[PDB]
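Only one chain comes next, encoded as structure tokens, the form deposited in one PDB entry.
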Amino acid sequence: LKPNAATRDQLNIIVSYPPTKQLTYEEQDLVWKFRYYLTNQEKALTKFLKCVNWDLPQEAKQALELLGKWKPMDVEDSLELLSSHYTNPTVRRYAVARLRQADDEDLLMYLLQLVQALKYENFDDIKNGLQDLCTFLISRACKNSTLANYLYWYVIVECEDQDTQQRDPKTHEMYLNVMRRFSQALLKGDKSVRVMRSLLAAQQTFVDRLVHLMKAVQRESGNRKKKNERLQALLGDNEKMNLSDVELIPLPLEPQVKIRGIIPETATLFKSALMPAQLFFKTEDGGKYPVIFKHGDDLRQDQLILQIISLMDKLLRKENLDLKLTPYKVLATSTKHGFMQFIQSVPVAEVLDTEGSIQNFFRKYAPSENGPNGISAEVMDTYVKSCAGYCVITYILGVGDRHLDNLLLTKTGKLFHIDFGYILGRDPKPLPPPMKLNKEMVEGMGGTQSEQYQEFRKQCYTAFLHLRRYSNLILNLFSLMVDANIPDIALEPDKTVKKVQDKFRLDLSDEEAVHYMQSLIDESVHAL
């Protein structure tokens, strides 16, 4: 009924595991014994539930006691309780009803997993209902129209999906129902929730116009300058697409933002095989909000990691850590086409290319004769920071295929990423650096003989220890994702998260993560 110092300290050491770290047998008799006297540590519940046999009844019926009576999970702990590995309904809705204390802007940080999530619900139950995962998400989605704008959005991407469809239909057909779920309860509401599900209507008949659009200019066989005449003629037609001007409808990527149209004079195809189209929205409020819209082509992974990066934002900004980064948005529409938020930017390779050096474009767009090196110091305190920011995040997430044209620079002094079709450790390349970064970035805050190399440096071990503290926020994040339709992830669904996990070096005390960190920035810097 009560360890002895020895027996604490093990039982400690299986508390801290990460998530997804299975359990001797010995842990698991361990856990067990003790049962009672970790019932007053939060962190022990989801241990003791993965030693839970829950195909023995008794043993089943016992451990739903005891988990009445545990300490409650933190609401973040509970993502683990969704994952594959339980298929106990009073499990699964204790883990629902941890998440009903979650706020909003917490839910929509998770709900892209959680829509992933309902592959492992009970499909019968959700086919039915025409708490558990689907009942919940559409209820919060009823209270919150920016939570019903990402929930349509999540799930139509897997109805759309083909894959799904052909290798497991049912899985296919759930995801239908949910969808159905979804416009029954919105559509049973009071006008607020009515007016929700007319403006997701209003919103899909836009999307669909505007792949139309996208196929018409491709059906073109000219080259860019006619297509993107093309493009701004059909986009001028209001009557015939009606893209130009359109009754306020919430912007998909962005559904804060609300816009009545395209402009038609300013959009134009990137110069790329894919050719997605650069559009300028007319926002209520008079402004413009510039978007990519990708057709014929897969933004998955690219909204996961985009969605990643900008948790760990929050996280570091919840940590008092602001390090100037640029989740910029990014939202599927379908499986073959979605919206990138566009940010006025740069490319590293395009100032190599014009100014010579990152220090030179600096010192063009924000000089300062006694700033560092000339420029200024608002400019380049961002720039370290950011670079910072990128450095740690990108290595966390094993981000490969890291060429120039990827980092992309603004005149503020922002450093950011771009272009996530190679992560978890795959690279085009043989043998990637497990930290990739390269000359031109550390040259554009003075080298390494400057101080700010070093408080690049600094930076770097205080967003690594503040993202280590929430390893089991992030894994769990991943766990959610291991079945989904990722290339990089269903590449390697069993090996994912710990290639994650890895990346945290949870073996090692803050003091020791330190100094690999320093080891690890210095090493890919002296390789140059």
The other form holds:
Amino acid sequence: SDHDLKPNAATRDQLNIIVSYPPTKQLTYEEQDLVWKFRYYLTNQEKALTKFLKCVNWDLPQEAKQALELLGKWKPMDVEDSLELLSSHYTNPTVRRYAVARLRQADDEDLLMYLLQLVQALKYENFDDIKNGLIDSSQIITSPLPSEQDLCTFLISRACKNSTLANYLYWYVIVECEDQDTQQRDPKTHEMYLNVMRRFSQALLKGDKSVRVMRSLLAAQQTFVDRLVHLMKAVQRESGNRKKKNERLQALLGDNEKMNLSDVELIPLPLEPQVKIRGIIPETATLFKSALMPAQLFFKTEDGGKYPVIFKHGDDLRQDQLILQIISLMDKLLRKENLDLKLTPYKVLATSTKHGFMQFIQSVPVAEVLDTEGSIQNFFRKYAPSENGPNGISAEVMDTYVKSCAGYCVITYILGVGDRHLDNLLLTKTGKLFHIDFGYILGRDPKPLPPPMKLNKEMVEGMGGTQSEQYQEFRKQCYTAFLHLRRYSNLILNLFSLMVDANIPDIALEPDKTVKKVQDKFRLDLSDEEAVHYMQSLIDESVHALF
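So that was the form deposited in one PDB entry. Now I'd like the form deposited in another entry, please.
No partner chains or extra molecules come along with it, only the chain itself.
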């Protein structure tokens, strides 16, 4: 009978094909029947488990009960794979608790790489269960009352043992609580996120000194942000020119008795909680010349250093927050494969749907380089000369430039980043090239029929042109980066599957086609050799057009 079945050669080949499918591939009924039929054989293969859970007819109490028996005996699946089980497709509680049990084995560092997506996955959990575990959401943490695991319980549990996790959990959830589209369209989901914040507060107050200190520092952050938002509103309300608005900004910031933003108790920076701040430096704060006049603010740190940020008001940072979170992931995966491409995954954090922070990286827009110095090479010559270096430039700086160009050319191609011009391409004096301002992703562009590979002429000239050694190395780094990221297609696709219901504009336009737009870029229909030539074709087609 079914438990004694062992598959012949032909059937093994078919099973390996099914098991190798991406996580998004809908299995046909024939595939489902075959995986069910050889379920006891497949218990030995951790990778077959997600396929098995998609072949069960859960409506039949017979199979359901047997499937859970097999789930418990199955060779434990990898952390990366468990993320599939938290998507909207799975409602069975025992399956969803299994996924969490797998996440429990992850280190905190990996857990932090996936956290933004895990907070979105709370939408697919049981709302009643979250509520039964127990209102202006921003006042929960600031209004303490005196004196197996589901996903909510897990994340709160890990947040209590890790202040960096706690910080991102707090701010990610507060933005979901504050989201007015969710309030207006999905009231239940809004309620659930309130209840999560109430559970989180509750657990923090139940805990030992360690945890209760954490809670009072989140409150200190929340009220600091509230006070800074109040100050930005005051600055904009006041008509008058940019010089006048700067003067008002610096005066309000210099009045600590009123606004209390220039001397605080070494609280964690929400943008980067590892940086502890004394306050904002009044006399150096100024507004950018742009429609929404965000501010550049220098925070004084515990060691007496300065950490510059951009604070934006009246703008939704969540699409940019998602892209920089994924770039950060992609950079970590490449580094784990011993490939450091000198990328610049600057921090972005939404403190609401209407405001947030970004890390200010010292750099010059390529347009300004062209305007002041004429070319990327002249810029490197001026600020990093070297008599015997390539084209009179320091070898380290050129090495960094070639790698960062390649890294970004492959990453912006995978993420489908549009609206690329010389004011959103930035450069440092150490040779790092990077992208900012991701308001167009996943194939969207303000123009029609945009080129798939976003490489321009001044980038190529920076490498010394198409006949240089630098250009040959650029190509190699591009195709090598592409093959590496393809090996992590499952993780990356699984994470995007958890974003399909987020209110991110370029996802919300076509939620159901979102994952495929990423998946197509990997060209998983091609072998590694073929994918290398496809990438070379992408570079050749772009460079030919440019000249």
